[PDB]
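Single chain ahead, written as structure tokens, the form solved without this ligand.
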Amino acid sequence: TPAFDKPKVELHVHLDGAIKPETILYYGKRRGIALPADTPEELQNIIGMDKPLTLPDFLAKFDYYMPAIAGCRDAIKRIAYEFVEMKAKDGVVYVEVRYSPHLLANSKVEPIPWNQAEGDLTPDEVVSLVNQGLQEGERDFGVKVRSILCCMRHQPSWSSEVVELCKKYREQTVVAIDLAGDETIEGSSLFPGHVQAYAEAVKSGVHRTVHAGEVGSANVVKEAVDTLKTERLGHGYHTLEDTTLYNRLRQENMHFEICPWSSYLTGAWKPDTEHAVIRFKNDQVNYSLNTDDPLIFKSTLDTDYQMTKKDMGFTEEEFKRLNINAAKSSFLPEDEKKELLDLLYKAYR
């Protein structure tokens, strides 16, 4: 029994962090890729985490399975398709899924990811394949799906390509640009490559979100809002450390993409303190509930609702409230956004 058995909206979940272990296993053996384990259960046991890990340990989780998907057209399209199915099972009616097109390519991309051999899959084609999988999935599972392309903090050189891809495939699921990766990188938010890609997003009407304040200080949040001119914040928990910034963001109705289960497992949140989502609730902040990386966290969207319901006393009124706000803060055209809202209103009333 779901904690909130009603239609839901999810705005922060990574496609490369939401793959079925069986599918990883299928493609691993299909092209002779070495995987740590040969069974689904032990594979998620290895890939998943039950306790906070060092950043290196965390990032290494990806090294274990991404090589089996990246560079393979069939696989890129398939994980996108299966992703929509997963969300349908979660009772999600609208989802914005994000990922780095570069981390799935083996052609172009100077720093060829995952130590894979030079191939023939460019970031551009990756995007088209994802689009196809997501659209076929929308048709087959009844979930409205849009995507977001991720700039990687440690690779500013890819950021311009990211924004141009968002422009090229606009509406065809791509609705925004994101900035993900290691936030502890000093001045990463200020890297010219990232700043210019976002300045261009503003100029081309590409919506914007940025991972900030998850583990970094309130200062990375401030840089995301004032310099990158982000419209939403991924996590943004450390905004509570700069009261004036927090209050300005509340005044501006800034949207916070919260991932409760994730924040716990990663350690972004210390169990000894009030969870940010609790005060955001008390402060009536504009925020959403999200899984982030279901595969790595061994979770489903219900995991985050069960946690806030049972361990934080969230009411159905708050769940309805936050999903309405998630829809209001979506990067959907105003026309479709209103339709999504009408669905939620009728479903919540």
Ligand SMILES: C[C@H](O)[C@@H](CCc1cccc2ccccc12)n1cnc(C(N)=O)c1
The other form holds:
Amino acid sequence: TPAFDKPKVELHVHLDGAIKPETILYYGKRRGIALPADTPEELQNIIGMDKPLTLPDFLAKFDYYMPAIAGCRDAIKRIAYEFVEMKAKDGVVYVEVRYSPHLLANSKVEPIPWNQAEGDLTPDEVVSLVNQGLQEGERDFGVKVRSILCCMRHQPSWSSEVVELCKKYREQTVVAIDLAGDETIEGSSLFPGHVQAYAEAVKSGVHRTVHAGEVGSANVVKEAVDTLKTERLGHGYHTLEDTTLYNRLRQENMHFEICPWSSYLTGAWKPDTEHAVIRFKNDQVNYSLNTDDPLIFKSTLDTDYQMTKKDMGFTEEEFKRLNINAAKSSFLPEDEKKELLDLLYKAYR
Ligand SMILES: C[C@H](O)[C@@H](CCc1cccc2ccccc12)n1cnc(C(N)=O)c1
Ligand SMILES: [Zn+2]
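Give me the form solved in complex with this ligand now, not the form solved without this ligand.
Below: every chain and molecule of the assembly, starting with the one above.
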């Protein structure tokens, strides 16, 4: 069944949206949280979309499982660990993965997320739990993993502590910053906390990626390039509505963070339009394929490569070119990059 079995690189996956069902019920009960169901195959069914939803509906999936993992140290540890393994199962030689460390904390975080009242688990050891899990996940599974931390659009307060965590846990294993949540909250790229965050990020050399152009306009994209100085773009579907911005982004090789299965299920793609990805194979730009949320979209990378495969005419020669593109645009230092490059050419030959 695989649409492409060569190795692949993936650059945009959300950790807290690639937890396993089996594991969430394990924790919801062993903590007394417990949740809408008890057999794995039916819980996956209530957390999981098959059909576009609204923002509250969507947001609410997160509401069911998250309280079962945030707070618990070995819930954190086990989720990063078990993430790597899913990506090993998946043909991936290199993954980058993101989360918000605040959204898994229960100490030193106003406000406390998901209704938890307090523990002692801060943002600081959530990273480091996560990255411990990712390191012995890497080592046991032979997948090279790095991590991105995400600022949240609605919460600029948290942003200086993001840039700061990035600097601290640099290398081991964090290599970039993100902006996530809903890009639709007016003026959000321009909130002073977010922008001083991204500026500290160019001051100290932290890589940058912003979610932009999924559901919001070409001006959130524009905001992200000219102001937040992104190096890459989550989705960016809406830069296509501005053809000088599109044309200039082709000219300077934007890397675009594509997630095509994810985008039917969200709404960002109306099925009766060009999928933005296809204009993307036709115009030969710099882009990847990406799963975004396995747990919620009931998917794996193969669902994305299948979907493109048979609905959109792509071939194995574009599937390679996109993976290499991915590797080039990854946030690896250039020595490790040329080595990831090498393995990929060899494999493709
Ligand atoms: C970044 C994280 O990894 C979470 C954030 C979940 C969440 C929590 C609180 C407020 C939010 C507001 C908007 C969207 C998601 C939000 N997350 C998981 N997947 C996505 C996505 N598909 O874009 C966002
Ligand atoms: Zn995303």
